[PDB]
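The form deposited without this ligand is given below as one chain in structure tokens.
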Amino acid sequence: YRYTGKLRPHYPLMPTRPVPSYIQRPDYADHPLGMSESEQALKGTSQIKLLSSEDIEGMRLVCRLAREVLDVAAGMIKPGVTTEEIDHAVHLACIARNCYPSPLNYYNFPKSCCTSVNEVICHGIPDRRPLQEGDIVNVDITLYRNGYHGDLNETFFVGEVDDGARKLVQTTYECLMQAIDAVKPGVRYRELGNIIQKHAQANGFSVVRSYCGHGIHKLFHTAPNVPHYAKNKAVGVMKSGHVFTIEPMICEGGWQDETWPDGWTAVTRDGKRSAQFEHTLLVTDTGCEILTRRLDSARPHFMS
């Protein structure tokens, strides 16, 4: 395999971390291949679930807990810390909140969160590599509590970073927020990508096309599929009660992605940097509720 950039995996990985049996587990947690039968049963369907008052409360709780865990991860970002150490802290933080770390064994993913550094677009596997001054790193968190999944991610600066890194991360965050500001009943899901690409392209960046936002509630990933690029064929119209994520992945160079031999790590084919931000949203009557928002601080960690 020919690596696209300077990053390399740092093995070996620690044995998979166990989750106490008292914590409720999603169906794929015990499947030998980590398959989710509930999700597969809906593969190919574009119908979007309309959440009940009970479902909404469940989503509000898990998303609040997920934010708490991402904040724990944020507090550990500093030169020298390895992504595996971040993952260990995340794992314990989920357990402390009586939640199962959704990524764990999802289709056999080996860790409890995704850590994506520099050229890694998404799904980076926490390993033995110490973060380096100048790196940008995204930590993607998803928790499962009482049958509901809550998902979010933020990109962080490791120590001091260059101007290119600041522009990329800032622009990516703006892309997500401009998309969120457009969410409300009546809007076509395919419209979000037009908004996102417009801002990214205006700043000389590209939009990853192989990964999209997704419905989320009792299932980790389900309808609707939400592309982040312009002129996509996303199916569906927003309606009060819909819950889904927007998680734009923006790149310094081209949008092309490829996967590492580990089967998960997605990287830019040109080896340039990528950044991402994600929130889980609930469509209301007026607009939308950002379920994974910070409640005690006005801005994301990179500008705090």
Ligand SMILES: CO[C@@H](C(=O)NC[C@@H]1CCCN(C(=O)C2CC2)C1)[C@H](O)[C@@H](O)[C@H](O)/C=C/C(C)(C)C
The other form holds:
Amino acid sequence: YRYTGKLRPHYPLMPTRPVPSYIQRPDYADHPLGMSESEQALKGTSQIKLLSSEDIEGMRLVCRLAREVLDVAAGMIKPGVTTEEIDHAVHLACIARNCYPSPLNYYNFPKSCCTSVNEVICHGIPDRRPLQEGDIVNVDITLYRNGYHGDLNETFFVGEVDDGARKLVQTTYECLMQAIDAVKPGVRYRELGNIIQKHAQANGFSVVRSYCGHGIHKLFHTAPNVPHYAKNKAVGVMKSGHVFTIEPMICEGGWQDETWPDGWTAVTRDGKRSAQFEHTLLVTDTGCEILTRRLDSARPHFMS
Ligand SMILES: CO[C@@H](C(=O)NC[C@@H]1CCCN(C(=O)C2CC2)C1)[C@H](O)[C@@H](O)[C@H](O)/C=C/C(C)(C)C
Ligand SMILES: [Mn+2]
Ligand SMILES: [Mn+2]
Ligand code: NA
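Given the form deposited without this ligand above, what does the protein look like in the form deposited with this ligand bound?
To see the whole picture, the full complex is given below, headed by that same chain.
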């Protein structure tokens, strides 16, 4: 394997972390390959669930707890902290909230959250690498509570970063928020990618094609697919009661990704940096409710 930049995995990984049996588990938690039979039963349907009153409450709850966990991880981002240490804090914070960390054993994903540094696009595996001054690091949190998943992420700065990092991160965050601003009943899912690419391109950046936002609720990933690039052929039209993520990954260089020999870590083929933000949204009559927003602060963590 020829690495595409300077990042390397730092092994060994700590043994899988157990989750106490009192915490309610998703179906894939105990499947030996991490397969979700409730997602597989739905494999090739385009049908989007219309959430009940009760579903919305379950989503509001899990997404708020998820935000709380992401904020814990935010507090830990500094030079010399390892991504495994961040993941341990996350795993304990989920447990404190009587939540299962949804990534844990999801298709045999080995950790409780994803930590993506610099050229990693997404799905990096927490490991022994200490964060370095100048890094940009994304923490991607997903929680499972009472049958519902809530999924969000942010990119953070590790100490002082260069100007390119500041611009990449800022534009990525703008991309997500312009897409969120367009959400409202009657809009097609395929439109969001147009908005995203239009803004990333205006700032000299590209859009990852190989990973999409997605419906989420009782399933971790389900219809609609939500591509982030222009002229995609995504199916479906937003209606009040739809819940899904938007989670654009934007890159300094070209859009092409490849995966590490670990089968998870996705990286730019050119080794240039990539940044991401994600929220879980519910479509309402006036537009949308950002279920994973901050409640107590105006801005994402990187702005402060
Ligand atoms: C960028 O990452 C997103 C992403 O892979 N989306 C695409 C969907 C991923 C799973 C497979 N897909 C499906 O539709 C199939 C129905 C299951 C595509 C993902 O949702 C992240 O936001 C999430 O936090 C990470 C989850 C792992 C535990 C998988 C690391
Ligand atoms: Mn996520
Ligand atoms: Mn997601
Ligand atoms: Na990255």
